[PDB]
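**Q** Throw the hints in and build the complete structure from the sequences for me.
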Amino acid sequence: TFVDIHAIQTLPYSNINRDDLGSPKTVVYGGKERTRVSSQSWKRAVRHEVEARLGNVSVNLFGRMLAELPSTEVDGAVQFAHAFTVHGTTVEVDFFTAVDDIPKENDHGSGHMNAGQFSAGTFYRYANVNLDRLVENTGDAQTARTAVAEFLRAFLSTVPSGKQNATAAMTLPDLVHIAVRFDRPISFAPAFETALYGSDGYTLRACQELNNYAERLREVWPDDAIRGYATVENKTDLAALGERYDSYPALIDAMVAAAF
Amino acid sequence: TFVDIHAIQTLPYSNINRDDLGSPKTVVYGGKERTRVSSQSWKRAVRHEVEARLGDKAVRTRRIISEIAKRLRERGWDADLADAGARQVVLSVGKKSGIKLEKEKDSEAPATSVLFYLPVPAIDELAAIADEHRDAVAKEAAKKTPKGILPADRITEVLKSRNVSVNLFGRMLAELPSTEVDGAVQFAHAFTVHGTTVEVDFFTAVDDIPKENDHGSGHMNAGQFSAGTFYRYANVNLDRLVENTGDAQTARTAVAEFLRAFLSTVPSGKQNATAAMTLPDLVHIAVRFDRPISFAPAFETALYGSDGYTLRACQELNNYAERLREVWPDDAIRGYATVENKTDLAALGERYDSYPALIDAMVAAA
Amino acid sequence: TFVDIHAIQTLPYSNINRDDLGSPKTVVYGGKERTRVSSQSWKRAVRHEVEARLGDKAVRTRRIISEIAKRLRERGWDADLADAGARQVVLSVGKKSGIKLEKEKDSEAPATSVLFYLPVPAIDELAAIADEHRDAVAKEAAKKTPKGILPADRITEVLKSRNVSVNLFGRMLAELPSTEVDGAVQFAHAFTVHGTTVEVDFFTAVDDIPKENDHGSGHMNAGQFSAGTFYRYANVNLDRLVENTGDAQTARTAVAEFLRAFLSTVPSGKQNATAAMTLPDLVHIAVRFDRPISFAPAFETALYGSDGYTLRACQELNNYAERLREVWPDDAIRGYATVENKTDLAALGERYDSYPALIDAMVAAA
Amino acid sequence: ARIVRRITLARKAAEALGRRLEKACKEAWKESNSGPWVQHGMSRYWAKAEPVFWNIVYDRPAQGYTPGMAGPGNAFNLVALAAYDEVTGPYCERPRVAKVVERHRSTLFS
Amino acid sequence: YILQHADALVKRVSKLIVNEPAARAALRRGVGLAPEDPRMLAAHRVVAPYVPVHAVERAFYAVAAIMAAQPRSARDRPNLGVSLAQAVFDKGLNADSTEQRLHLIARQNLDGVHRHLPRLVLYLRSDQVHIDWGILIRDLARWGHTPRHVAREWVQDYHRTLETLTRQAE
DNA sequence: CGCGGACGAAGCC
DNA sequence: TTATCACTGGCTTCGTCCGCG
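Order-wise, the sequence lines are chains A, B, C, D and E. Position in the first sequence (from 1) plus 1397 gives the number in this note's numbering. Position in the second sequence (from 1) plus 2 gives the number in this note's numbering. Position in the third sequence (from 1) plus 2 gives the number in this note's numbering. Position in the fourth sequence (from 1) plus 2 gives the number in this note's numbering. Position in the fifth sequence (from 1) plus 46 gives the number in this note's numbering.
Hints listed in this document are in silico derivations from the structure and should not be mistaken for laboratory results. Treat the hints with care, as some may be off.
Said to hold, decoys possible - Listed next, the in silico DSSO-like pairs over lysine-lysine satisfying Cα-Cα at most 30 Å (straight line):
1) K72(B) with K1501(A)
2) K14(D) with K1422(A)
3) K72(C) with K97(C)
4) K72(B) with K1560(A)
5) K141(B) with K102(B)
6) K105(B) with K162(B)
**A** Below, the structure is given as structure tokens:
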């Protein structure tokens, strides 16, 4: 039993994670370079909200504590895919200059000229959690409840902290889809192997594209997968993703309930 | 614990902050280019209004040595002793022999390698510490490679002094990481709700004394500009601000003055030629307990146009706010103030008649 | 401390300021294109009435050398010695060897690379300074690479002289940062309240001596015009103007005369063909102490039309002024003067019967 | 001696134009922004460049190269140009950056 | 596709122009104006039936009229950028200035291209520069879906062909 | 007086 | 036209010195 989540969270002009240079990390996919936020960065953020909210399920749900010595369980039964943009994104340079406050009898010879790279887009995020190993390792099924439920809400709510004071990239996912699958985990990443065209926005279009891919894969493999999705738009139906829910925590509740 | 402020504010033919060539900074967002005002510029405007209004002034400068030298010169030191003493002030700190200095420029004291962000009275205090050790500096100036004499602990303790602006926006100083203070305010890049193409204005400068060559053939350079309804967002992490300032009352005054400044200030980019000074058409303060949430995705789908964007933008932020409150249930205290009366905007919480009333109510609610 | 003036002024088939192709400048504002009169042009018209009316004349020229040469030649110098002396005047200043000069044109003195903006009597004093060192110049004209002889401090002190136009609008000289003066007036780009499509005007020129074929062919180019009710806005930062002029009394005469010029003048671009001289239908001066607030967002939604825009524009500026005093409480002294009597316009403060009475009351009120 | 001479004149033209493409890309991105392109540029470049070299050594026919001719044949010019356009494609978008990027692409033409 | 109807407009028009004075004057009065505008309705009678999003129709009308407003001195697959670069190198027009005008058009919107475009194209055809109107038409049609793409192609073609024309003059 | 933490000594031009 | 163009770090073992308790 694997419960996996797909989200289509968009981020305004930001540089959440970056390379050894200033530019953000990018995966050339579908012939079009597209910005990404690496899996470990977002996962570490998730680790801090989950462990903060929980006040050893963290060495079980996630592989192993960074600062602890290996305790024979280095694996975690949680698989974070690297988030990548639905569309192709050119890295957008932001030229900036630090101002010198004390001024000599000369004008504007500023303190520091530079240019830093930033980018914005609708990232397609994805993760899966192996319930069976979690039950076998944690023991108590209720610990599994809090771990998966609290982990799921954490998965939705958190956003990495990187250059955020200069850019407020805080946001909520536009689409969330939790599919309790017993056969195998499936990512809908190849739904966006052809970068969507621009000029009108992507939230709706990405939603419907993911709907088409879900329809077709469900066609090839009809399964007993329990599904459900929540969106911030009520205008368009996505029948392939399951039953609609009014809200994210309601959905997470129904799916954790569905797992047991 | 997270006060977050949203705002819609139009600017007409503004061009408030330029890239290196004069074009307004743009985001290709949602597939459509939208002019933006960089966060650092507006953050500077807000900090200058806040510092000007609360009276405490912070100084972000790379040339501290020259300034300390001027104060010591006003304290009765000779010019050369003032220069050597200020060099001792910056030399007596850091792991290695001293803070890195830029190549000395003829006739002036060297500029520090990194920018410093400290209150003005702290500069005066550095001058005093260099003053009480007058004999050690006088003896060491004769040496070929003078070493730092001033106590490192006392100077490092003075550099830790915090202004309201440092408590609010934070500082960074790489050579002395003990003084670095984490900022309590997140400032988003204000972008246009709708896609805006940069409009080119062809301007010429008239030569006053008549000449045949002066007119006819001569042509003068073209300058870029843009206009639009910017969306603006900002966070204040209250627990960190209370930890930084220490007292809760000073945090309250800092936040209230900050929000009011946030509404009041405008970056001043070629304003002597455009006069873009304008108040936000809508303000939406929320006191979020779980997490700050920006409404930028509401405008990821660019507005089509042909009709006035303010009303459609306000209705869209309202509609999106409602949907987020349904999707993400919370007890966050919301509230708004708007100029238009055509809509009630039910989702933005209780309406307040004025921006200062809204700010006072919300800050008092936290 | 911030006198801000708003004004609504219609112009019929005006085409006041043209792009490089003759079309009126347009803003795509609020999603709809609206013809505009650029701020620099109208600012020039205002500065000419103010300088012409107040008696102080400023000169913005790239060919200062030629004019100083003319004055020294009228002082009895030979033409070649006058040229060499004026070259010495501009050569004796700046960090490097001298003010950069554009390539010399045969028979005339070379034009400087950057424009100078200084009063006319200041030019006469520079001529006198070049005059008292006549022998040094006589000796210095013979060398192959002549150097500057005149004192740099005296010339730089002469270039610091400020006209009323310089005090009010400020100046810039990159080569001489000591002379730069920050402007005290912000002048916004006047755009139309309503959307206006450019109206192509086919025109021909009759050839007076008859030719049979030409009459039948009759072909000539089409020049495009436009008309509409412009919104106009401007700020005067009083503390900075007092800092520039120094005295408060001169600031009063400068501001009052400036406001009157602001209402009276019209840019005069292509007027002998279309007489577009018009007074503003409405004027609203406010004396803001905290901050200037432009009312441009009031007109971002273009007016629909089919009926006269003047009344609807005045009523809309009224409604927006009311809404801003509600949203932003302030003690700013407001006041207006209007031609239409169909409305009282309660929000624009106390009504004054005439524009000079309004200006005098407000300027005396600051 | 001739076979080795072909190999040398090959490895020579090869890395030489390759590093010239490095300076090109790097400078290009700076003057544009007044760089992320060099890393990806070299990746595709060398990855695409080894088989072309191995075709030159075995005297097999390679596009833009003439079999059994002592001269280099500027094959690596066409490889480097293809790599360069593959990296800088989406950023030759705004007219300014396009101006710098192409005016520095012209140098790889030899 | 689109290019097929565009070629019908180029032969027709270009053939209906030099072979007609009243139609030429009735279509040229609408250069740089929306098809919605009454002042160009006299033009529909010639061009309206071939209009194969809405951007298109605006494209065909535009070019057709602008193509028709040239002087007779200009009357009687490369893009527009290559035509401009070759016009710079050959006819000796200003290079740096046509440079900024290219950089200003490459940013415009569908409505901005048709208002900034007429001066450079009509002036380019002045001094008999060759311009393939069909490609230009499909380009103006490509603003409705990929404005930035077509802009990038125009600029790239210009610089690349300028460079190659300068290097081939070795 | 004891313990803990931090910096230095090269190898290297 | 002119002025401006950051730092910091991801080596080795141990010993000594210094700050602390």
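**Q** Hint compliance check: list the failing hint numbers for this structure, sorted ascending.
**A** Result: hints 2 and 4 break, sorted rising.
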